[PDB]
Amino acid sequence: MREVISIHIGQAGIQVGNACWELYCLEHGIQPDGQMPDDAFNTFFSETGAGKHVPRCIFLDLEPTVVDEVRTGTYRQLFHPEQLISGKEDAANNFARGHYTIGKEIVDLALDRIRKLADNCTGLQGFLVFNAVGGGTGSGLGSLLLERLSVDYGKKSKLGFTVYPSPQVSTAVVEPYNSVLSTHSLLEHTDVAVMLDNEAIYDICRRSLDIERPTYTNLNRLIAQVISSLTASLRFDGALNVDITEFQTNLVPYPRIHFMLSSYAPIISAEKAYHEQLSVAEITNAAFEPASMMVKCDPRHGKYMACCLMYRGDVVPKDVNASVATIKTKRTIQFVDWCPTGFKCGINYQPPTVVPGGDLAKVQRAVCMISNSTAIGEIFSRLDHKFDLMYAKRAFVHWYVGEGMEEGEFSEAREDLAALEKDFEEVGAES
Amino acid sequence: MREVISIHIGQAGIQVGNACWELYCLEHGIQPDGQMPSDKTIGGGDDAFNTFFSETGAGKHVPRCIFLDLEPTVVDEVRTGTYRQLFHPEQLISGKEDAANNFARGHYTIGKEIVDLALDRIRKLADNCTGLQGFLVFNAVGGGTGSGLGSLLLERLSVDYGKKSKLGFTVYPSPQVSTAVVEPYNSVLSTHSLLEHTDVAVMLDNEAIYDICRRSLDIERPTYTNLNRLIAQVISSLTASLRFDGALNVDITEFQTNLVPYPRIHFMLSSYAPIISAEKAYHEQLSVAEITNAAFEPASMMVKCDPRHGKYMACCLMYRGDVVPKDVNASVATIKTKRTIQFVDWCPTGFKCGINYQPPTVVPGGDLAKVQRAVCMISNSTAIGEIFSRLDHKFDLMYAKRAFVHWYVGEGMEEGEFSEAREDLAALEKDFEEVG
Amino acid sequence: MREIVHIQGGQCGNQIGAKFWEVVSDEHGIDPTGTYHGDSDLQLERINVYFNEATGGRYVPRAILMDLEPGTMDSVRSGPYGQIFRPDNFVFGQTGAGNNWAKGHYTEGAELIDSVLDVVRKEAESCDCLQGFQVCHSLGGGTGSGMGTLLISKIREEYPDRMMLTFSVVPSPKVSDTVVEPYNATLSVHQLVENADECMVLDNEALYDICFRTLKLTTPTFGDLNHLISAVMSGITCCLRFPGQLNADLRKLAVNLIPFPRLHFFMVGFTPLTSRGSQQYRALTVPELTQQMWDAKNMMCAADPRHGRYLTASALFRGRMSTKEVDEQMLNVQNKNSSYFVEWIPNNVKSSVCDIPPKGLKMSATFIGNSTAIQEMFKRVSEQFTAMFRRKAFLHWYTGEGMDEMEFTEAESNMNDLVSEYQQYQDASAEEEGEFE
Amino acid sequence: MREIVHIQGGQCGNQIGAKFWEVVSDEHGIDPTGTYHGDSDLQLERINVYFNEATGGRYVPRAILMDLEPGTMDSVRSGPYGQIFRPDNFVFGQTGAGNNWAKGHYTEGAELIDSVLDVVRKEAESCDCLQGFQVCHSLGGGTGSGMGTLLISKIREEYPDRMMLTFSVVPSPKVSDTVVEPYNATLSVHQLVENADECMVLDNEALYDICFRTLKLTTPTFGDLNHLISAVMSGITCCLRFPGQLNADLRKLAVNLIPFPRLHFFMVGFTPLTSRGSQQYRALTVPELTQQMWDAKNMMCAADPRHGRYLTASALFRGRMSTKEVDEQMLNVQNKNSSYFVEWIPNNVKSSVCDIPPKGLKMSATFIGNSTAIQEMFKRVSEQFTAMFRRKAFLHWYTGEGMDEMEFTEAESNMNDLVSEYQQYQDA
Amino acid sequence: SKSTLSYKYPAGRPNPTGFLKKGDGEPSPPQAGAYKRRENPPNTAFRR
Ligand SMILES: CC(=O)O[C@H]1C(=O)[C@@]2(C)[C@H]([C@H](OC(=O)c3ccccc3)[C@]3(O)C[C@H](OC(=O)[C@H](O)[C@@H](NC(=O)c4ccccc4)c4ccccc4)C(C)=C1C3(C)C)[C@]1(OC(C)=O)CO[C@@H]1C[C@@H]2O
Ligand SMILES: Nc1nc2c(ncn2[C@@H]2O[C@H](COP(=O)(O)OP(=O)(O)OP(=O)(O)O)[C@@H](O)[C@H]2O)c(=O)[nH]1
Ligand SMILES: Nc1nc2c(ncn2[C@@H]2O[C@H](COP(=O)(O)OP(=O)(O)OP(=O)(O)O)[C@@H](O)[C@H]2O)c(=O)[nH]1
Ligand SMILES: Nc1nc2c(ncn2[C@@H]2O[C@H](COP(=O)(O)OP(=O)(O)O)[C@@H](O)[C@H]2O)c(=O)[nH]1
Ligand SMILES: Nc1nc2c(ncn2[C@@H]2O[C@H](COP(=O)(O)OP(=O)(O)O)[C@@H](O)[C@H]2O)c(=O)[nH]1
Ligand SMILES: [Mg+2]
Ligand SMILES: [Mg+2]
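Protein chains in written order, with the deposited numbering: chain k, 1 to 37, 46 to 439; chain y, 1 to 436; chain r, 1 to 437; chain O, 1 to 428; chain n, 63 to 88, 102 to 123.
Chain k on its own, in the form it takes in the complex:
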């Protein structure tokens, strides 16, 4: 009855889906060969006639080079091969290729597969969309998929975890274009968006886990931990259960402002765990610490508008309340005036799980804080300034105009982003 659908688009989408599913199988005792040696797996899986638990996910991409690694790996008995969707040619880091030229041939089969996947569902909670803004496939194809999903379902709730184009560390040069294009396209259709940045998670892995050379898999382990914490209350008991609609309602104040930060605590090494105590007050202080933000935004350049917290393990509601009251009394935390309230808290009795050969440490308390602050104006300003600096000269524009676009799409997107940053300015201004 408590069922969700997961969509991993682009390369980073499936790169993090692999981690999420290695997490879920291990957490629920599911062997890699589908079956295990109720109501606990039914959130992510489906039971066939005998024992087999096939996951209710979809891996969508345009490069065969990664879906075939998945098909040949140990996690090949899991998926219905019709879920792993690949294309002959890729989008080549081009929003126009991803949106107008290539993705419109496989949207039909992606949608009918989503239909067949949601048919067996009894009570559908919402769509998780793991996307990576900055690469043509990810950006354009997710925009197209979200428009189709909004016209099909509409009433359903879409969370989008979008690996966002980073300030300085960047493996691309054209991404300031497709980031603006993807935002202007999906803004009207996603129900909530969680931003997170490779630089911020690199800094976290550096300062906390003492790892100095993370090969894109530690970041995925961290994202898997985050989603497990976020969706615990769907498949695990505990006081103050919280689901997707409760999550989005008390967090998205206006139709425009739906982008939000993220954090996690504690996040430590197997020795600092053994040599620390990690009480709930320390955990919440570390969560609200700026240096724990999974995105490259400094919340002290703004004011919070709401926060959501999901405590796990040995946590008591009085301690949660006392720590939230201490945070309120603190002086370095600001709040926009029109929210005297501001915290949606939930508890789960299930501590966070650890993976064999992982890098985190076994703990008994953990917090995944998710706040909607008016400081992401700074990242929107960064992205707009970069798009500006480039489009002042019509750089790279011939690719986008040859692959089935025209010029007006750049102006629409830039004016939408200007309006969005003016929103983030005004709705925070106080009388």
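In case anyone wonders, no lab produced these hints; they're calculated from the structure. Idealized CB from N, CA, C, for every residue including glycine. Hints should not be assumed to be uniformly reliable.
Quick list of in silico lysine-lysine cross-link-like pairs, DSS-like style, CA-CA up to 27 Å [claimed, not checked]:
1. k:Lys60 to k:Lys112
2. r:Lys297 to y:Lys336
3. y:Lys163 to r:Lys392
4. r:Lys324 to r:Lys252
5. O:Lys392 to n:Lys84
6. n:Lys84 to O:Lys122
7. r:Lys297 to O:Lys122
8. r:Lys216 to O:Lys336
9. r:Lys297 to O:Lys392
10. y:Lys124 to y:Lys60
11. r:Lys174 to y:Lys311
Non-contacting residues of chain O with respect to chain k, defined by C-beta distances greater than 12 Å in every case (computed) [to be verified]:
12. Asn99
13. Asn247
14. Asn332
Guided by the hints, dock chains y, r, O and n with the ligands onto chain k, whose structure is given.
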């Protein structure tokens, strides 16, 4: 008690004869020796083989079929293949010369001297029967042996039995793909002759089965040996109620009255589901609901006719495996609610359902996968009159120049019999219009 | 005394007949071998109503099985309770009926009736005081309709005094198991109105919901629906078999039910009906039985009582209970919902009760209602019949057995005559003045 | 006679009801198997105020559990005392609530009333003499607040003469468990001013105070707070369930309490409460019960009665005791600190007593106060509402269900008039 | 209604326009066309 006589004519007739009789012998445990293993008996029922076999004085089971052909080169294969201990050699029939893709030779010149032989074989093959449900004619409309002799046979069957029921699973010439050039002629020449004699005729195409093999089974190298396996699956699901138990049994007679509204409209389509490989098979559940949706899809048809351009006059659904009557009753009602699937006003009904407890069998080394649910749909749609119009065109395209006619008139025909058969089609086509 | 001979028609009636004889046999505690192994003497008091004593102290049912295509009789012969039937009471034909009323009533019918009647008489003399007959039908196929009505007419002229029941299954409103269904349905009704004395109509649809909502079942099989039908079939004759402080024969259930000789189509329902879960908690009282029964869902027929008005009704309780409670209960319903009950009848419910409850329960009730909403069934059927007979579809079969065209129009006119009878008495007040104003 | 039908709406209600039926059932010595295993014949006499006989001597409660997203019911249906309920008294919708008062009241709630009402009636008629209803709420979320009130207005009109209680848990002043809390609060209050006879208010925060200031607990869990709420809820129906030399029916408790039809908000407190170390020193007499209950700490709501004045009050003592001490004690209080009691009501306390204390104690009490400090809950909620409703924040979620705007102001004006009624009668 | 043994009309679904405000102090069967004149179209055979 409930016995049928299976006749295979031409090449494709006895090509699928190698496929159906591969199945039945396998489905009842009969090894190619015609014996039962007699040590690991799996047959849940006794005298069920009686529908297709005849236990001899001791131990052996001989199939009640008749392989008939003019070319020796293919029945000479059966006499050397592994399935040579099964058939009584008197059943396998061959001729010295071939009809050679000529209706006149298959019907007038050569056929007239071996029907007496074949008819006497049927006579002795029906005497040992107690209750004969009806014959089962396998044909391939488009050749000389299949159409010429096949038509000449049915007339000899009608004047003898008449009250008996005849069925025709005639393969039909494809619109685009065609392994011949004169098949528009000898196809038309066949229908006008079989029509007044066959009691119901299931049609299916070589081309539509290629795509089912391409989309669902995802085979890149299909062959006649891959198609012939499918036809085995249909007739296995069709005659299951004859040789198996299950709620809502369906006999041939009960199958024929409530599916043919007018004496000449009996050309019906077919479909089967699920059609999947071993990989997809087990990451699924195959609900009764999703199976009966693929059954009514235009892609799962075995004829290159689009049912969405016409309306359904009736439908028959032979389920197979573990199916409960509520799901058929609940999933059929889902379809009547759809808007793509039309039904002519004069049938507020339109479904003759059927259930069997015996799941479909799989051939080892096959291409299909083992399942527990299967649906073979048999519908009588009025859109089938389109494929009858293509041949009305191609026949008219070449009969203008009178190409290839000197063969037919050279082998004991007259030009009259060409416009003869043409009448019956343009007459038949409007019959598909009158019901609209 | 009060013997009852049983017939089983078609494939359906031959299949629910296998279930009915599995219920009564276990009700009287006899085994699939046919030897009595119950406890009380009550099981033996009125065993002759259904069974014949045999040598060695065995009890063989007084049933008859008639069906073309003998393959199905090879099934009931193989069931758990198959070995109790006298194999000489197995009249079958090697041919098939073909879902064709004509040959099931004209050609292949006439070839067995000389044999079947020789069986029916053979065990009519075995009875000292015959109460009546009872048949099982399925108005869809050819055997249940053709051979069935052809049999009844043979019985009606040779046993006019005795009474004939009919547990005919009727077509479904939304789904059709056959395609010539509205042809076989009407051609039979023209035979049930004259030659039947009672006829309970039952539908596969309303059974699927009872098994779905009430019983909370997931996958009802025919082994379950036929378990329901077999229940009420036993719920009728409980007065004949077991004692009661207010007995109800079959004849005294008819005189109190059909005011006019043509309105003998009833509508049944069983109580109680609960799942295994709620059974832990439900207290069984006459109130619980009398609310469930009067509901519009429990009617195993697909006819909504809200579209009509109850001419009469009935209630066959069983179990040690208080005979006042049942008497005032049925009085309340007649007073609350007085608008759904005709007024030219002062009281229109007969309340019976038996001292012996079912084998596993403590109280149970069975409902029969003679409503004016049944006309909905005959509207729908008469509509489909005139949608295809207007075009003469599927008709070249029926003429194949020497029928003609008038015998179709008569069949439909004989329905529109019937459906008017329901409309007249559904809107006729006690005064002859309010109708024409 | 005097039967009671009980509702549990929302996640909070479905979890307070867990401990409640665990407390009451043990009080009558019935097992999670539903079978009676007590000793005295006193338990059997008034068992029918909450339960119904069943085959084999089982006793199922007269409860109704309703909730969107039945996930939380899967918990209690799996707990120790989860096997007592009838499975037909489990109403739920496949979708979720979303902490949104609108869809919990307009869209989704409406699709469940057709089923809920068949549930409440079928077990309101099994009562030979119905006394009243009682519900357990939470003014924060959507299911408890939204579906709760929508259920009431259906009940208020179907059974207008019977009595309806609401043990509604209200929001907390300093830490809010939800952000949309003030919107959901008032829109529910606007229903309780007109469709409620009595309404006890509770706060999870003041419950924490009593939990480690008096009980001196270490790791309080919601399972322990519900062991408090279930103690006062059980403390009301003692006079219905157990004999006493001065009984007090539920109806007579209201007429002695609310002078005007609108002031039906109370505040409760339980007594005695001691640590595991204090039971060694403190004695259990009536003068102890009467000071811990009259103190301004046992008030389970976050409202200090010293900032207002008592209109009336009550007390439900339990245990064989001297009925003079109770009379002169509650008299002595009103005389000593006369500044906190109104004047145009000379004797503004009611005192009952039951011969049957709690299962494990020898004396106990229970308190109900109708003070004018209850307006403090309404001032604090009024501002938190206007601070964000004047800006139109989080509001597009409410108009999504076709809700109007005056439904917000009317819900607010109704409050800002109720906050003045509590001040006229407070002449300070 | 299983509780009253009566056919009663269903209650009214709420409606946002009809919300409560400050002040609050407070089945015959469908007859069959027995005597209804049927429709007599002019499609007889004599006219034709
Ligand atoms: C432990 C216990 O009491 O279990 C019950 C039971 O819980 C319920 C749910 C039974 C049960 O019935 C079903 O679950 C059921 C399933 C499919 C179709 C029909 C019924 C029961 O099977 C049915 C069975 O009824 C009988 O035994 C009657 O004597 C019945 N017997 C048969 O139908 C029968 C079954 C097998 C072989 C031969 C006969 C009967 C009915 C009419 C006339 C004579 C006898 C009983 C009381 C029970 C079970 C076992 C669960 C119910 O059925 C009957 C007929 O009473 C379903 O609703 C009732 C209420 C019962 O309480
Ligand atoms: N956290 C994380 N980020 C990744 C990973 N792989 C790639 N990224 C980032 O995703 C962005 C590129 O997205 P891609 O999916 O590779 O590009 P695309 O959407 O497939 O478009 P095409 O390359 O044209 O097919 C880059 O900024 C990467 O830094 C990963 O494994 N983990
Ligand atoms: N599905 C299927 N079709 C076949 C097969 N073999 C031949 N056909 C088709 O049948 C048609 C040819 O019919 P034949 O049987 O070869 O001709 P004939 O009836 O024997 O008469 P002659 O050619 O004179 O011997 C062609 O259209 C073939 O595509 C087969 O094995 N399976
Ligand atoms: N409840 C129930 N109905 C059945 C069963 N079997 C068949 N029916 C109905 O019987 C009808 C078919 O009539 P049938 O008796 O098989 O054909 P006949 O032999 O010519 O009388 C169909 O409408 C089926 O729905 C069964 O086992 N249980
Ligand atoms: N005493 C107690 N209060 C709770 C509990 N759980 C939640 N509450 C309160 O209930 C409020 C949230 O309302 P909720 O029940 O989750 O939303 P609903 O499902 O729409 O009713 C919060 O203010 C919680 O503090 C509990 O377990 N015990
Ligand atoms: Mg890429
Ligand atoms: Mg050939």
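Here is what the structure says about each hint:
no.	hint	verdict
1	k:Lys60 to k:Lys112	violated, 33 Å
2	r:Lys297 to y:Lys336	holds, 24 Å
3	y:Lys163 to r:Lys392	holds, 23 Å
4	r:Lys324 to r:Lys252	holds, 21 Å
5	O:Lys392 to n:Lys84	holds, 22 Å
6	n:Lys84 to O:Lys122	violated, 33 Å
7	r:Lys297 to O:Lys122	holds, 17 Å
8	r:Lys216 to O:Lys336	violated, 65 Å
9	r:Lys297 to O:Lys392	violated, 49 Å
10	y:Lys124 to y:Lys60	holds, 19 Å
11	r:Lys174 to y:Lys311	holds, 19 Å
12	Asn99	violated, 4 Å
13	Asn247	holds, 38 Å
14	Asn332	holds, 36 Å
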